[PDB]
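Taking the form deposited without this ligand, here's one chain by itself in structure tokens.
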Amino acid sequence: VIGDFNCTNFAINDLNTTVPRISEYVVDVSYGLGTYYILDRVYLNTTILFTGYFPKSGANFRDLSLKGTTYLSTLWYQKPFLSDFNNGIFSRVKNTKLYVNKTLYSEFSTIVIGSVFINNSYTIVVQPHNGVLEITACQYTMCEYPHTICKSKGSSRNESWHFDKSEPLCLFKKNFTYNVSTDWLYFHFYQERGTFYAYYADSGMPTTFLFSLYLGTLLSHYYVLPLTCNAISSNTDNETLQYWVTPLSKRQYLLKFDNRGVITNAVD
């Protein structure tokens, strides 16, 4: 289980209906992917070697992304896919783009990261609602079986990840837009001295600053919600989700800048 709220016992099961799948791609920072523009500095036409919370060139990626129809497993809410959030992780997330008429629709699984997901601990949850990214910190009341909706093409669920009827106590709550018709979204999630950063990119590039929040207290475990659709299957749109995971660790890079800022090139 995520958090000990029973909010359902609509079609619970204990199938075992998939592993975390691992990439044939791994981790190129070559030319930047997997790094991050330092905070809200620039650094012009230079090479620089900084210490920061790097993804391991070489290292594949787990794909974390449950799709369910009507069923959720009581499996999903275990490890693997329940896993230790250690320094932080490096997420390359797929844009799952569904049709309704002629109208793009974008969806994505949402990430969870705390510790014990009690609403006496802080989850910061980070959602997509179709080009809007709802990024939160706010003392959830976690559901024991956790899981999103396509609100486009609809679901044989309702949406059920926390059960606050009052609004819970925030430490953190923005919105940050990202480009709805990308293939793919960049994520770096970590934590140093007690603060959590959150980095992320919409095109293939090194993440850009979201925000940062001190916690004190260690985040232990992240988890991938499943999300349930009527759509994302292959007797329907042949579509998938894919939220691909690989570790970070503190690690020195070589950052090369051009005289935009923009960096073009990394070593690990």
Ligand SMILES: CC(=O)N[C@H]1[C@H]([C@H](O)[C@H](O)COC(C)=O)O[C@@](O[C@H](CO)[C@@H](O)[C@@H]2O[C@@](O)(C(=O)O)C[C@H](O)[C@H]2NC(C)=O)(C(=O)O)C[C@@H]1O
The other form holds:
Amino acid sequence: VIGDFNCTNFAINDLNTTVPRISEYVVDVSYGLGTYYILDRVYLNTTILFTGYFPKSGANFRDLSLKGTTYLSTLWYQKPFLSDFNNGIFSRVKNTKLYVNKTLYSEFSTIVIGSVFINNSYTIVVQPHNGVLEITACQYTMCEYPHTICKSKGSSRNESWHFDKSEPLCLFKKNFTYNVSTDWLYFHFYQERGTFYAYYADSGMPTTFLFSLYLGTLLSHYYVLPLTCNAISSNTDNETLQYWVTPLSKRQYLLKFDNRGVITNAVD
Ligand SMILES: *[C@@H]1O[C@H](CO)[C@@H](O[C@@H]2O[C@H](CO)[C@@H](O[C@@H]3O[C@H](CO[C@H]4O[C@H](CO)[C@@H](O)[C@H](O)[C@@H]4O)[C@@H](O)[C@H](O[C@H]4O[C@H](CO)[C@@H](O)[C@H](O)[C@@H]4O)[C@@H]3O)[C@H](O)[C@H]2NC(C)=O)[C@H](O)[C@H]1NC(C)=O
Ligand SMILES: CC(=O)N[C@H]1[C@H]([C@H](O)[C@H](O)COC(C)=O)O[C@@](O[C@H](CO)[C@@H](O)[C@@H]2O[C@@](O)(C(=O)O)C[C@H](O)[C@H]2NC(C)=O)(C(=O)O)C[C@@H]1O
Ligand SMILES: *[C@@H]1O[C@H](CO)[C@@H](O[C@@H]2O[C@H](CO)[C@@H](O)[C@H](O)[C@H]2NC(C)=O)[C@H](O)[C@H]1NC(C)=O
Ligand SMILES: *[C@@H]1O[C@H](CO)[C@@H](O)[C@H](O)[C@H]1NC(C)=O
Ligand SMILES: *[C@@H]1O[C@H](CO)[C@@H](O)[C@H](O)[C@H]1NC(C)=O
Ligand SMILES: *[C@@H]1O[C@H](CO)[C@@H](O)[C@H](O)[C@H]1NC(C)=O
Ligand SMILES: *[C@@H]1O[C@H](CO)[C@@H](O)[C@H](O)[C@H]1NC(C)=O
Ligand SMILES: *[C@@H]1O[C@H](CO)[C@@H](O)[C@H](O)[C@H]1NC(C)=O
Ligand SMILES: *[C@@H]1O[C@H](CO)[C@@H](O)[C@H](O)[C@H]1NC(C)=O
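Now show the form deposited with this ligand bound, given that the preceding structure was the form deposited without this ligand.
Every chain and every other molecule in the complex is listed next, the one we just looked at coming first.
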């Protein structure tokens, strides 16, 4: 289970439907993808050696996305999917592009980062809403079996990942836009000296600072929520979710900046 709140008993089973896929793609930082711009600093026409929270060059990713229809499996809410956060993660997220009429909608899996996932602890939630990325860090009453839904196409389940009838305490609550037409979003989520940091990009590029949040406590777990739709499967549209994740470590990189301040290259 994720949290301990019984939000639902509708269509729960114990089926072993999948395990996390290992990517045939691997981390290649030679053009700065898998790096980040350092906070609000600009470096121009230079190389620096920088020690930061970076993926290993040549590492695989695990696809942690889960797509449901009516049923959820209890095995989706356990290891290997419920994951130790350690120092942090780099993720490569497929933006799943869906059409209702001719009109485009963007979907992808929510990620939650936390420890015990109960309302005496803060859970960081990063959720898309069709070109708006909502980010919060609140004392959420997380469900046992949390999930999100297609807003775009139908869902035979209602959205249910927390149960708070009046708003929980929040340390952070902000929205960020992203380009709905992109194929990929990238994130770094990491922690250092009791402070969480988030970075993103909506292109094959180094990630840009979203926010930082002091917690004092360690985040110990993360989980990518199942998303349920009457769509995004081989018998209906051949579209899919993918939420690829690879671990970060405290690691020295060479970073190469051009005269515009873009990271053009990096070395592990
Ligand atoms: C922060 O997070 C915590 C932990 O998740 C939340 O605390 C839980 O809150 C829920 C909802 O109030 C509690 O569930 C309720 O417990 C009552 C007491 O349980 C005893 O009595 C029942 C018989 O009534 C026995 O079966 C049981 O074994 C216990 O001996 C129940 O009376 C409630 O019943 C209602 O809901 C159920 C399930 O939907 C229905 O079947 C019933 O018909 C009835 O409608 C209910 O189960 C839960 O016990 C709390 N857990 C703890 C550890 O305290 C906090 O609410 C949350 N805080 C905030 C601010 O959101
Ligand atoms: C994490 C995972 O394993 N995810 C896969 C999912 C589950 O294995 C399945 O849900 C069972 O999960 C549990 C917990 O029991 O199967 C999917 O494929 C199905 C066939 O496997 C799909 O064709 C569905 O077939 C139906 O017969 C049915 O209900 O399964 C009718 C339904 O209308 C139709 N869904 C549509 C149209 O989207 C799906 O989607 O659900 C592809 C997902 O990638
Ligand atoms: C951040 O984005 C979310 C999603 O768009 C906003 O939530 C909506 O807020 C309006 C307020 O009138 C509600 O009517 C909607 O029901 C909400 N939508 C969803 C999907 O939750 C939120 O207000 C935005 N701003 C902040 C600061 O969080
Ligand atoms: C969860 O809540 C539902 C709805 O009230 C109830 O029927 C079910 O018995 C509960 N299950 C558990 C494991 O508490
Ligand atoms: C689920 O199925 C896979 C493939 O057969 C297997 O490796 C795994 O051990 C099974 N059990 C669980 C709980 O994942
Ligand atoms: C960038 O740095 C190189 C190497 O020092 C130098 O040749 C070049 O003239 C510099 N260009 C600018 C615009 O500073
Ligand atoms: C979803 O929400 C509606 C409106 O509250 C409710 O009627 C329905 O029973 C809920 N559950 C499902 C599985 O549709
Ligand atoms: C949005 O993404 C598409 C596909 O990658 C790209 O062609 C387009 O130029 C982008 N637009 C903006 C405003 O970023
Ligand atoms: C999905 O792709 C397979 C393989 O190309 C094809 O046989 C099937 O007809 C496709 N179905 C849909 C709904 O596109």
